[PDB]
Amino acid sequence: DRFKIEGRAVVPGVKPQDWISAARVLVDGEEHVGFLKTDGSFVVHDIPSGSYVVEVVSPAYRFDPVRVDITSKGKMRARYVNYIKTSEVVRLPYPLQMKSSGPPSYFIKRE
Amino acid sequence: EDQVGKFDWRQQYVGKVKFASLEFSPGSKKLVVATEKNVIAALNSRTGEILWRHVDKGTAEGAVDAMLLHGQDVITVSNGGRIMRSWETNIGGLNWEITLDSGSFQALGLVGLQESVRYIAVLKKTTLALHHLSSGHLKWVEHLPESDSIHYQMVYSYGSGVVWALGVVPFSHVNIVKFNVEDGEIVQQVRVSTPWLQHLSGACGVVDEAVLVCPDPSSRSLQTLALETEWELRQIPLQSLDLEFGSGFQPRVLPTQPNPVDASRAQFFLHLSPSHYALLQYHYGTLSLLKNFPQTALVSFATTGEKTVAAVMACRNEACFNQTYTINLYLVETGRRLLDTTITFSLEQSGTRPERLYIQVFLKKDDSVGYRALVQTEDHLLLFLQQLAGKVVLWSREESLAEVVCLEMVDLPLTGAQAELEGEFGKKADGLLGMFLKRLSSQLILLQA
Amino acid sequence: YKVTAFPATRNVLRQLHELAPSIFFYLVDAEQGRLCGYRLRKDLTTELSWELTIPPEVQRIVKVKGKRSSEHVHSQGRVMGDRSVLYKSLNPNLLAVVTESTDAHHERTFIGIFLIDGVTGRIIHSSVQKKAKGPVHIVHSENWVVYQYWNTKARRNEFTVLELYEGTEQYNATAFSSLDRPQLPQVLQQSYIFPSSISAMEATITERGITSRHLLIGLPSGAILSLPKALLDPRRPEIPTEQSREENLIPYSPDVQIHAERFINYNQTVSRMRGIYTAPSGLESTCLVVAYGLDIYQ
Amino acid sequence: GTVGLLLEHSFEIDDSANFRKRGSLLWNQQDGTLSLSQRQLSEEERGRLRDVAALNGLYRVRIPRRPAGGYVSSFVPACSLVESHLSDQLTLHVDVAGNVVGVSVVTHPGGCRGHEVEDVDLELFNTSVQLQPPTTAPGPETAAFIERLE
Amino acid sequence: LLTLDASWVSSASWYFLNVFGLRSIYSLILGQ
Ligand SMILES: *[C@@H]1O[C@H](CO)[C@@H](O[C@@H]2O[C@H](CO)[C@@H](O)[C@H](O)[C@H]2NC(C)=O)[C@H](O)[C@H]1NC(C)=O
Ligand SMILES: *[C@@H]1O[C@H](CO)[C@@H](O[C@@H]2O[C@H](CO)[C@@H](O)[C@H](O)[C@H]2NC(C)=O)[C@H](O)[C@H]1NC(C)=O
Ligand SMILES: *[C@@H]1O[C@H](CO)[C@@H](O)[C@H](O)[C@H]1NC(C)=O
Ligand SMILES: *[C@@H]1O[C@H](CO)[C@@H](O)[C@H](O)[C@H]1NC(C)=O
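Taken in order, these protein sequences are the chains called F, S, Z, P and R.
Take the first sequence: its letter number 79 is residue 121 in the authors' numbering, and every next letter is one higher.
Counted the way the authors' numbering counts, the second sequence spans residues 24 to 341, 367 to 497.
Take the third sequence: its letter number 265 is residue 911 in the authors' numbering, and every next letter is one higher.
Counted the way the authors' numbering counts, the fourth sequence spans residues 50 to 116, 124 to 206.
Take the fifth sequence: its letter number 15 is residue 172 in the authors' numbering, and every next letter is one higher.
Hint data in this document are derived by calculation from the structure and do not stem from the laboratory.
Please note: incorrect hints may appear among the correct ones.
[To be verified] Below, a list of computed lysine to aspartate or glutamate pairs in the EDC-like style, where the Cα atoms sit at most 20 Å apart:
id: 1; chain 1: Z; residue 1: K648; chain 2: P; residue 2: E197
id: 2; chain 1: F; residue 1: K127; chain 2: P; residue 2: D63
id: 3; chain 1: Z; residue 1: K799; chain 2: F; residue 2: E73
id: 4; chain 1: Z; residue 1: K734; chain 2: Z; residue 2: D879
id: 5; chain 1: F; residue 1: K46; chain 2: S; residue 2: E120
id: 6; chain 1: Z; residue 1: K779; chain 2: F; residue 2: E72
id: 7; chain 1: F; residue 1: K151; chain 2: Z; residue 2: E907
id: 8; chain 1: Z; residue 1: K777; chain 2: F; residue 2: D88
id: 9; chain 1: Z; residue 1: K779; chain 2: F; residue 2: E153
id: 10; chain 1: S; residue 1: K148; chain 2: S; residue 2: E165
id: 11; chain 1: S; residue 1: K80; chain 2: F; residue 2: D88
id: 12; chain 1: S; residue 1: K147; chain 2: S; residue 2: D171
id: 13; chain 1: S; residue 1: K162; chain 2: S; residue 2: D206
id: 14; chain 1: Z; residue 1: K648; chain 2: P; residue 2: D64
id: 15; chain 1: Z; residue 1: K776; chain 2: P; residue 2: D64
id: 16; chain 1: Z; residue 1: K711; chain 2: S; residue 2: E456
id: 17; chain 1: Z; residue 1: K777; chain 2: P; residue 2: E197
id: 18; chain 1: S; residue 1: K147; chain 2: S; residue 2: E84
id: 19; chain 1: S; residue 1: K29; chain 2: Z; residue 2: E907
id: 20; chain 1: Z; residue 1: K776; chain 2: Z; residue 2: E703
id: 21; chain 1: F; residue 1: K151; chain 2: S; residue 2: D25
id: 22; chain 1: Z; residue 1: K713; chain 2: S; residue 2: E456
[Stated by the list, open to error] Selected chain Z positions facing chain P (in silico; Cβ < 10 Å):
id: 23; residue: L694
id: 24; residue: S695
id: 25; residue: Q705
id: 26; residue: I757
id: 27; residue: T766
id: 28; residue: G767
id: 29; residue: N818
id: 30; residue: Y838
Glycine residues also receive a C-beta, built at the ideal position from the N, C-alpha and C atoms.
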């Protein structure tokens, strides 16, 4: 009936103990909330079948959301997120390996 | 434009505190708090800032059911008893997360054996489970007999190597089930009749060696039962101790188990009537009134190892005179107030009273015992009081602002200069020559300034 | 249904006895789905003027967003190329009722927008977004209505903009009386995609209403996006034209991208947002923004 | 086939509620058409309407919620109705399920100007009738955007 | 801003207005 989404977030060069104390894992935008472990991993429980969009939220590091499809029999698959062309699939690994692209650009340079 | 801090400001809040854990090294300055906003944070002891914070779902799916502390780890049970987590307080992350079996949640407690805490005990209206501590893997799980009628509400265990699940039927019999820790087999089962008893969670409590104790005001006595070496509720009256329960009130027994692996404390507290407590001691079947605290608002316990102490709060001259509250420390082994251990504070609002009281004790340099008190009032205000005199309030935190419902921005009053513009303009002078001199005098005052 | 005035002095009593038939109350009962509207008589009594009913068997009211009484509209019209003017339908008594279907099946749920006039009750607009789900965040302002929802067929958050444009000649440039407005406004709708959820939504307000209108959108990740309302325009054509270039209009792109450079709070995330308040700020180019959830941010 | 919904009007000097039977709306749910069958204004009703136009009163239109079980109403200034030679427009707003939601009265031309009208211009109703279901909102157009990507 | 009135001018317009308005003032401070 209900399943769990496992994953292992990782930031290059930075240790987990430096950023896990402020990050979360949101499935369908606060519809399901999970938190990260000490080694960077994470597990979200009580996920019924369907297509959700997992995103690791952190104020100091950005991650790319991943679309996870869970069939009613438990089979879990991952792919890219594309709201246009909701039929396109780009097979991503599973359990989710969500690496960061560095800190986000909150500011615009002068001039 | 990377000009931060000049215009914007952010204030982080956590909701009304529901479970606070102050038992620590306590050399580390940490204060873990679970709130009524489904938030678990680690407040700083010395300043009151948020070290780390974790915000769960704002709906009922995120309600924290129970919270215990073992060493540097904090075990939390939430989502109606469905999810269990272990937070590491230093890093602020997670140690392990597991999903508990369905069913209502009734009690959570640690168990151990051989002078070491090894497992966690979870109680649900249909079953008692024991999980590991460092891994979260389920050790075993056992059904509860007569679960359809017996509401199981308590879990007690120490180094004896067994667990006691205590259930009651409203205005009917109570039933104790003693399981073994290393096997899960039901070792023993006991039933006792209770026409007077109505609750087991907020009414009864276990004492030093599996001693269930709680009052019946219908007979105005205390019923006792040594779960180890007894099977009958010995009834001890309070007429010898001159104590009386509050008419139409539900009395309460408050024990203290400092170590979840060793025996409990023979001494305990008894709440007979609101604003009235009594510190008693149970010794091999008889009670001894150690102290009687009348007009006392709140009480709390602490251990600092072996020097177990209690803290009581009372008004100064009174319903309180000027919201002047004094907190004092007593020893559990003997109701002797500890000298030079009085904290006096005051609440700025009129109809505000303290509601919670947690104590963090340490050993002073001169072999004495010092303490800091976390007091939560009616308006969700948190106060951290220290033993000093000029700074009796270490840090305050207004958590009532986590639920802003309305907001309006009013313009500040007019400056002393802009106040003059109303004078010269709008006085409605009779003639032009009069208004001329009026405006000239205003500008003259301006040039003088 | 008796009205109490505060302050109830003799001067206010006279100013109400002389201004009674211009005051209209409207009450929205969400449990019964009723929308009643009462007229204030001279002796502080109310008489039932209009009444609508939205049956709770199929639709339940969630939001009733009237436009703020402190905002001002600078330009009463918009240049539509060729030096031609298209006038706005700035009804000062308009309500944008939002309803959700009781049937919550992913193939039959729907959202409903009802642009009603508060004084007369004439439903200016009745729209139904099919295969959509709540929660519905709505922003109603001078002329437009921007509401967000969750398309369940494609499983994505979607914005929808409604702009109420009058003809090329205004019915009356002296006043606006909801009793003497027979013409129906031209409602232009357009829907966009949004790649994230929404925890709150508000629009910036200023004293004269000269500067550009932005939508402060509080996401669940705490970051407060600042989306230009000029991007949420119903006139963005699906295929470019010469007039679209002359008016400087961008062709219609459904992907409303979220760029980190737009977050008005760099890393001061507001966890579990619940509201965004905007104040005119005395100047004409700054808006005082206060986002209140768990954390407060100004 | 068709369903008959009452239609009542009320116009009084004291602005009270005195709804009297004006006519009936015939509604074809299988086709979506709406027609009206009324009774013309009598001499006393025309006199009351002229006096109400003099007193700047109102003109209230009401229909039952279901063809008793409820009333759905609206209003229009009687001045506009009198000065517009009884040229009015009724709109019946319904739901998706076919429930009667609202009634809307409009007077063409809108706005009162105190134009004097003879009795012979108040003895023949000129009422347009419309049925309004909710219009389906548009969604994001992705196909055209996918082609434009090429 | 495309909505702000055309009467409100930037700094260059002010400079050019001054350039064209001080030509006749130059004749007062100078001999011409
Ligand atoms: C626009 O509406 C106003 C009033 O609604 C009209 O102005 C006049 O207002 C006075 C009352 O103070 C009355 O004589 C009438 O209500 C109006 N005069 C006429 C002849 O109707 C105004 O006429 C309307 N039209 C325009 C173009 O302004
Ligand atoms: C949030 O953003 C602000 C501004 O970038 C950070 O504050 C600055 O942090 C850096 C340290 O590397 C220095 O520039 C200054 O010490 C801070 N002030 C300014 C004006 O730059 C802040 O550290 C960020 N908070 C995080 C990442 O947690
Ligand atoms: C009440 O307490 C405050 C602070 O202790 C003090 O300022 C105030 O004077 C007191 N008032 C009375 C009547 O005690
Ligand atoms: C009758 O109604 C129509 C619809 O508005 C209107 O155009 C026409 O002028 C009216 N004619 C008369 C005689 O009322």
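Each hint tested on the structure:
1. At most 20 Å may separate the alpha-carbon atoms for a hinted pair to count; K648 (chain Z) and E197 (chain P) exceed this at roughly 51 Å.
2. With a C-alpha separation of about 63 Å, the suggested pairing of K127 (chain F) with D63 (chain P) is violated against the 20 Å cut-off.
3. Our distance criterion of 20 Å between C-alpha atoms is met by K799 (chain Z) and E73 (chain F), whose separation comes to about 18 Å.
4. Pair hint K734 (chain Z) plus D879 (chain Z) holds up; C-alpha atoms about 14 Å apart against a cutoff of 20 Å.
5. At most 20 Å may separate the alpha-carbon atoms for a hinted pair to count; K46 (chain F) and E120 (chain S) meet this at roughly 11 Å.
6. The hinted pair formed by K779 (chain Z) and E72 (chain F) meets the criterion: a straight-line CA distance of about 16 Å does not exceed 20 Å.
7. Pair hint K151 (chain F) plus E907 (chain Z) holds up; C-alpha atoms about 10 Å apart against a cutoff of 20 Å.
8. At roughly 25 Å between alpha-carbon atoms, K777 (chain Z) and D88 (chain F) are farther apart than 20 Å, so this suggested pair is violated.
9. For the hint linking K779 (chain Z) to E153 (chain F), the alpha-carbon distance of about 44 Å lies beyond 20 Å, and the restraint is violated.
10. A hinted pair counts as satisfied when its Cα atoms are at most 20 Å apart, and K148 (chain S) with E165 (chain S) qualifies at roughly 12 Å.
11. Of the supplied pair hints, the one linking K80 (chain S) and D88 (chain F) holds, its CA atoms being roughly 13 Å apart against a limit of 20 Å.
12. Using a Cα cut-off of 20 Å, the hinted pair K147 (chain S) and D171 (chain S) holds, with the two alpha carbons roughly 12 Å apart.
13. At most 20 Å may separate the alpha-carbon atoms for a hinted pair to count; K162 (chain S) and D206 (chain S) meet this at roughly 9 Å.
14. Proposed proximity of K648 (chain Z) and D64 (chain P) is supported: the alpha carbons are some 17 Å apart, at most 20 Å.
15. For the given pair, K776 (chain Z) sits about 42 Å from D64 (chain P) by alpha-carbon distance, which is inconsistent with the 20 Å threshold.
16. A hinted pair counts as satisfied when its Cα atoms are at most 20 Å apart, and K711 (chain Z) with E456 (chain S) qualifies at roughly 18 Å.
17. Proximity of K777 (chain Z) to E197 (chain P) is assessed by CA-CA distance (about 15 Å); at most 20 Å being required, the pair is judged to hold.
18. Taking the CA atoms of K147 (chain S) and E84 (chain S), the gap is near 17 Å; set against the 20 Å cutoff, the hint holds.
19. Only pairs whose Cα atoms come within 20 Å are accepted, and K29 (chain S) paired with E907 (chain Z) is accepted, the gap being roughly 18 Å.
20. About 17 Å separates the Cα atoms of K776 (chain Z) and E703 (chain Z), which keeps this hinted pair within 20 Å; it holds.
21. For the hint pairing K151 (chain F) with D25 (chain S), the CA-to-CA distance comes to about 8 Å; that is within 20 Å, so the pair holds.
22. Taking the CA atoms of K713 (chain Z) and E456 (chain S), the gap is near 17 Å; set against the 20 Å cutoff, the hint holds.
23. Against a cut-off of 10 Å between C-beta atoms, the interface hint on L694 (chain Z) holds, since the closest Cβ of chain P lies about 7 Å away.
24. A distance limit of 10 Å between C-beta atoms decides the matter here; for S695 (chain Z) the minimum to chain P is near 6 Å, and the interface restraint holds.
25. Interface hint status for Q705 (chain Z): upheld, as the beta-carbon distance to the closest one in chain P is roughly 7 Å, under 10 Å.
26. A least Cβ separation of about 8 Å between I757 (chain Z) and chain P falls short of the 10 Å threshold, and the interface hint therefore holds.
27. Interface hint status for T766 (chain Z): upheld, as the beta-carbon distance to the closest one in chain P is roughly 6 Å, under 10 Å.
28. The criterion of a C-beta within 10 Å of any C-beta in chain P is met by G767 (chain Z), whose closest approach is roughly 5 Å, and the hint holds.
29. Hint status for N818 (chain Z) relative to chain P: holds, with the closest Cβ pair at about 8 Å, below 10 Å.
30. Interface hint status for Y838 (chain Z): upheld, as the beta-carbon distance to the closest one in chain P is roughly 6 Å, under 10 Å.
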